[PDB]
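Following this message is one structure expressed as structure tokens.
It is the complex with one fewer protein chain than it really has, and the rest are unchanged in position.
All chains are identified by letter, namely A and B, in their written order; residue positions are counted from 1 within each chain.
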Amino acid sequence: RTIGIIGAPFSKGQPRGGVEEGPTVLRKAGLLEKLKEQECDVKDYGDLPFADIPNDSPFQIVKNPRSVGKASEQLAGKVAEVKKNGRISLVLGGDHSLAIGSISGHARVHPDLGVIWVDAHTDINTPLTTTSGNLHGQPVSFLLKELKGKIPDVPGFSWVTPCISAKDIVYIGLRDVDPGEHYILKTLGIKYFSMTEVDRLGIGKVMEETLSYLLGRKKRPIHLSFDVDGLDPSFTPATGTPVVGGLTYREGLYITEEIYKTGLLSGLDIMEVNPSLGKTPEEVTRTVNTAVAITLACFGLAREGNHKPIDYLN
Amino acid sequence: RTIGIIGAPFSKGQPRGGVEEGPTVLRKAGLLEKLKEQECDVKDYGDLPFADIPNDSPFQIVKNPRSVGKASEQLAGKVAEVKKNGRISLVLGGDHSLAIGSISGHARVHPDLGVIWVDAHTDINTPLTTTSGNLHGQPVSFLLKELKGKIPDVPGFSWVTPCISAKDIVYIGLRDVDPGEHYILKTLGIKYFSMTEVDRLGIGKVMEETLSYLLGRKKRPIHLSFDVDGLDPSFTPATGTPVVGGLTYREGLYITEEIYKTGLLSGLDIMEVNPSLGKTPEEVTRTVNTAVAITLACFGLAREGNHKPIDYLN
Partner (left out) sequence: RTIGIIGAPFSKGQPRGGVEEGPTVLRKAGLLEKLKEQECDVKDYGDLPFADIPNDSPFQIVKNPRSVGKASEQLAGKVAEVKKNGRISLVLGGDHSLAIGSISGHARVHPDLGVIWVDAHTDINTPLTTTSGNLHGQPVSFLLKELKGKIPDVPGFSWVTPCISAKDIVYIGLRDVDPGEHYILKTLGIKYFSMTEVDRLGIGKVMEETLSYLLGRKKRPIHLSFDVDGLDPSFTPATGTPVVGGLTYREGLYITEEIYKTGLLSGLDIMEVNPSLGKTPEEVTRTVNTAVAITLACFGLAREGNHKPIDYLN
């Protein structure tokens, strides 16, 4: 599998700025090295340099819209470039708002992509439904074609064009969804597997249906947006919006192992890892370690084992 | 959903007296407020004042029988009253012995009720089978019609009349059952799902069968007696009789979310929460928080989300 690593040290989609350290701690944990330890072809396109936009007052309640909108616009470009290089874009980012540019850039090359959004949240608040104003909780609303007409023209996002339909996305792990967000869920008929469905069906059936749902009619490129708060904070504590009762370490690896096995993974986001929020140096390493393990699984690392195409017994 | 809150600060069903603080810490955690934050109609009937019965020597091995028997008799009355007010009785109690009065009072109004008992124990010891003498581990024996004839006339329980049949109760979560208790299980043919069955079937199937079992022939009012030690102590540590290998936070919420969805919940007990037993201030908050989350789920709070009947996108 050939990857296109892209560091995205951004945080203006939410209050806490430690998420910008994401690319740093992840790379320093040997991610690139570990990918190469596998049969992975890796090209690191570096960390995107997000220049400061000192003048960026709120748009109504929406915070740092110009900074956010510009970082996603830039990202979208780098992603598109890697997708043109015939590589799977791996976005080691800051907050989840970056998803807007990652998915957008991906769709430019493969407009028929299907999205898997693992998160404890749906992040589909509109600028009028969000109560926090944090954009890392509204990325999905900017992308849905069905929602084009409700989203106001927010400074910094003029370049955006909704690229995915409500039927081309599956949510897995939900356990903290706002009222307006849930209204949108049921109204647009979005397919989701909240923690209740996971508990009911088991992660195997959940993944079986998710993949059947998105790859029913035909095979299409898959984009996986992975918010680390989708996993229980007993696994990923150094994250800004933890919610108890999350997916287990195992369920996290099962999800990714199944996605990889599709052979259709083409876009991947690893978001919301914030070292600064770790209560102890071990919570940080535990969060980073869990984050790396999930990434390796997306590119082939299997729990049952791996082996090159040779005769080990000779 | 309309609730009838009833505080039951009682502890004489067992040794440790910190359980009496149950109503206090639960209410102070905003339970009433959080219920109102939902579409819940709440009337708090206050904390029942249990006067001291200084003269209450053991009956054979059975401890504090008069104190226990009187608190359940009183409770039964308050429950019946709330059930007559057309409200779902919510009993924030002390020890599980109170179940005797809660279920009894409930049955007075709805004699056809079905019982779901979530606990790590079966609490069906008779005064002759119990080895500890603690009544919080014998409540079920006073209620079963099938057992009427074996239970001795214990001071304080003359007012009791067995109200439920062995076939109108399901156990979920069992992992610490005494020999005589197990003998009673198999002999009366009581339906139960111990941790082994949960592991075997999954919580979804367990709940599917539990509800099919109790609501097969017809729909009937449901009484949920929830002992917090049914959940693993990694979730509810501040409890008197913890047993490892318990139901998860998720399984706990799944159970309740499914019960609520029946629309038949009419009686609820939240028992054995003892702040005094928390090893740290966080074990207390973790136990209380888990206790509140389970209660909210019984009245509609869903992990996938909630929304009023309006147009959020306008």
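Throughout what follows, a contact is a pair of C-beta atoms (placed from the backbone, for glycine too) under 8 Å apart; a residue touches a chain by one contact, two chains touch by 3 or more.
Participant: Sort through A:253, A:259, A:273 or A:291 and give me the one touching the missing partner chain.
Facilitator: Residue touching the chain left out of view: A:253.
Participant: Any idea which of B:29, B:40, B:201 or B:264 touches the chain not displayed?
Facilitator: Considering all chains, including the one not shown, the answer is B:201.
Participant: If the hidden chain were put back, which of B:14, B:64 or B:126 would touch it?
Facilitator: Final answer for the missing-chain contact: B:126.
Participant: If the hidden chain were put back, which of A:30, A:46, A:58 or A:204 would touch it?
Facilitator: Spelled out, the listed residue whose C-beta touches the missing chain is A:204.
Participant: Which of these touches the unseen chain: B:103, B:107 or B:177?
Facilitator: Answering carefully, the residue with contact to the hidden chain is B:177.
Participant: Name, in rising order, the residues on chain A that touch the hidden chain in the full complex.
Facilitator: Within chain A, the residues touching the omitted chain are 202-204, 248-251, 253-254, 257, 302-308, 310-313.
Participant: Suppose we count only contacts with the excluded chain; which residues of chain B make the list?
Facilitator: Missing-chain contacts on chain B: residues 122, 126, 129, 150, 174-175, 177-187, 192, 194-202, 244-245.
Basically, only the chains that are shown with their structure count from here on.
Participant: Tell me the angle, as a multiple of 5 degrees, of the rotation that maps chain A onto chain B over the C-alpha atoms.
Facilitator: 120
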